[PDB]
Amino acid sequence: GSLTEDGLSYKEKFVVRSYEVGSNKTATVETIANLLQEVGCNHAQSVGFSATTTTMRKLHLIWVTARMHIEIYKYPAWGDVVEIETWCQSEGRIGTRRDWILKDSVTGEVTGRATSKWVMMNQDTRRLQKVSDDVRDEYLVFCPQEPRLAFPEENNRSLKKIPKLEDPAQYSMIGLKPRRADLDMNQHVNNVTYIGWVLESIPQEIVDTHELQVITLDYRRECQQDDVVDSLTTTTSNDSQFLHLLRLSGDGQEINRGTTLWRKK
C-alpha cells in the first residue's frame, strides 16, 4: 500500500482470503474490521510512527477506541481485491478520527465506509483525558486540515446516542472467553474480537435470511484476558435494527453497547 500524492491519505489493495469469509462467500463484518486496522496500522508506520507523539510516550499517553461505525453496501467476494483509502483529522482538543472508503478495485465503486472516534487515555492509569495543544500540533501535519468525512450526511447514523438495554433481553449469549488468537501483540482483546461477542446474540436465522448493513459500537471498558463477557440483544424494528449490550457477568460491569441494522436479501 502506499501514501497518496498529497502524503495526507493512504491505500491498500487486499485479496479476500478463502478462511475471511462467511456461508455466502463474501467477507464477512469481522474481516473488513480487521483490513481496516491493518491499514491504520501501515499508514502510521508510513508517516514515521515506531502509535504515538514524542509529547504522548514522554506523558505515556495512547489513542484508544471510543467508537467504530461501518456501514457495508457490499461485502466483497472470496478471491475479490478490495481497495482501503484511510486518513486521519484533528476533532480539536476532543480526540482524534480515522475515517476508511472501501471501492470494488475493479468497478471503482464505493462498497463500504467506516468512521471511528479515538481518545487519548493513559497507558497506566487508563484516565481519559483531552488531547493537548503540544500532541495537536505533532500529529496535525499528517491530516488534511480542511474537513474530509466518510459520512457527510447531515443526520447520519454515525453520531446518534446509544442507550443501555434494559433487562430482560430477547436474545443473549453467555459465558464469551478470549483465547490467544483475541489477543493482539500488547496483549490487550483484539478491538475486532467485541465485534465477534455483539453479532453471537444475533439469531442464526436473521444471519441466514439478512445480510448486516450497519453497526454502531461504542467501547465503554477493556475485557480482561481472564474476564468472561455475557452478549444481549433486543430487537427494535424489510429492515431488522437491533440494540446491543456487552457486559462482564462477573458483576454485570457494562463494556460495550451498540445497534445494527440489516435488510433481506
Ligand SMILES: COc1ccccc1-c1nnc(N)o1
Second form
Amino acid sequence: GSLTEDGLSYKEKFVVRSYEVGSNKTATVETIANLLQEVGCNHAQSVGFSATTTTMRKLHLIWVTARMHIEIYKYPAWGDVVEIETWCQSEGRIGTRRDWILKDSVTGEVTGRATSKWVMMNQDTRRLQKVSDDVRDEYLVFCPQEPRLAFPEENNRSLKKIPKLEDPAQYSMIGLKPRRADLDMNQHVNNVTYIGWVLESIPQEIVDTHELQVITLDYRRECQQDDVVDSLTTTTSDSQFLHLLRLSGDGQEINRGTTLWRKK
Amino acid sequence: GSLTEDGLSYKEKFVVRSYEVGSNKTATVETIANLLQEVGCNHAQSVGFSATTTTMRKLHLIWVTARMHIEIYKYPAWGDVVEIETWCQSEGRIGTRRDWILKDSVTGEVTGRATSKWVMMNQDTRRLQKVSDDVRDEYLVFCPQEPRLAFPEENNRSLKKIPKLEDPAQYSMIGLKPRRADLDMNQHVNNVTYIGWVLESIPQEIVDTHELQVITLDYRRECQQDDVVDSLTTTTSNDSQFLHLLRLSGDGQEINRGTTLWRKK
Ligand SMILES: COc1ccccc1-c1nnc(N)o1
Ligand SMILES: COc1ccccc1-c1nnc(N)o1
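Let's see the other form, the form solved in complex with the ligand, since the form deposited without the ligand is already up.
Up next: the whole complex, starting with the chain shown before.
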C-alpha cells in the first residue's frame, strides 16, 4: 500500500483468500469490512500515527465509530485483486469521517463504497465530546481541504435516521457471544463482529436468493467480552430489513441498523 | 505465491494485518491456521486442481482433516512478512499428509512448523475409506518421492495418542455456536473455528502470562451449522499442558479432542 501523490489519500491492493468467501465464492461483507479497517490502519501508520494524535494521548482521548455505511455493487471473487482507496475528513467539532472506494483492479471499475462517522471519547470515562481546536489543527494537514465524499448525493442512504425495532421481531438469533478471535489487539470486540451478529437474524432463504447491497449500522454501546447479545430483524419492505442488537438480559441497545438486498 | 523450482512444494508471503493480531500485537494461532489453509489451497490450484482428482470427483470422494499439529517458536508481529512453504506426501493407503514451514522473511529463520493428516471420505455417506491405487497414482506426480517431514524426530509430539478427557473438567466454555463467518465456501464449519473453540476454555490468566507453543487437534465428527458445542479443558502438568475435549451440548457426542503446551512469557 501507499499514500497517493498528494499525500491526502491511501491505496492498497488485496488478493481475496479462500477462507474469506461465502457460498457464492465471493467475499463476505465481513471480509470487505475487515479490509476497510486494514486500509484505514495502514493509512494512519503511513501519515505518522504510532489514529490518536499527541494532544489526544495527553488527554486520554480516542476515536470511536458511531456509524458505518457500506454499499457493494459487485463482491470480488476468490483470487481476485480488489484495490481500496481511503481518506479522512474533518466534520468541524462533531467528529471525523473516513471514506472508502473499492475497485476491481483489472477493470478499474468501482465495485463498492463506504463511509463512517467517528466521535471523540475519553477512553477511561467513556464520555463523548466535541473535537477541540488543538485536536483538529494537528490532523487537518492529513485531510483534503475541499470536500471529497464517497456518497455525494444530498439526502442519501448514509445519512438516514434509523428507527428502533419494536417487539415482537419477525426474526431473531439469541445468545450470541464473542470468542477471542472476535477481539482486537486492545481486547475490545472488533466493530466487524457486530455486522456479523446483525446478519445472523436474516433468514437463510434471503441469503440464498439475494445479494446484500447496502448496510447502515449505528454503534450505541459496546459488547463486553462477558456480555451476551440478541439479534432482532423485521422486514420493512428488493427486500429491506430493520435490525436491533441488544443485551440478552436487560435488553440494553448496543446497535441499530438497516439492510437492503437485491434478488440474484 | 509460486511453486518452487522442482514443482514439488509451494511458497507464499503474507503481511500480518491489524485485525489478525492479539493483545501482544502478534498473529493469533487462528490467523496462523487460516494462512496454512490459504497456502494449501494456493498450492492445489497451482498444480491443476479446482484438492479432488478426476477419479475422486467421479466417485464423490473428498479429503477431510483427521489431525492438525502446529508448533510456533515466534508469532509474527503486525506488519511483519511471514513466508510459508508447503508440500504434500502420500502415506500409502492410509491417506495423505500436508506439511508447512513458517519463516521470518527478513531473517530467514524458522519461526513455526505444522503437519496435518487427511483421510478419504465419501461426500454423501460420510464413510471413511482407504486410498485406492488409481487415486494414489493421480496425485503422486505432485509430491516428493523421498520423505520430507516438517517433524522428522523419532518420538515427536505430532504422532502422540490423545486420551479422552474424563468428567468433571477443570474448566469449561458452554453453548458455543458457529455464525456465517465461521463457515467455508461449501457451507461447512471451517476447521480453524474448532481451534478457537478449544482455546475458549483456557483461563484468561494463562493466555495473559503464557504463549501457546504446541497444539495437537484430532477431528472426529463435524459441527453442523445448527449444533451447539461445549469446550472442556483440564491441566495435565515452567510449562503448562492441558487436555481438551469439544462435544455436542446436548447428547455429549465427541467432535474433537486435543492437547496444548504453553510456555511462560
Ligand atoms: C479500543 O477501544 C476502546 C478503548 C478504551 C475504552 C473504550 C474503547 C471503546 N471502543 N468502542 C467504544 N465505545 O469504546
Ligand atoms: C467441505 O466438507 C464437506 C463437504 C461435504 C461433505 C462432508 C464434508 C466434510 N468436511 N469435514 C467433514 N468431516 O466432512
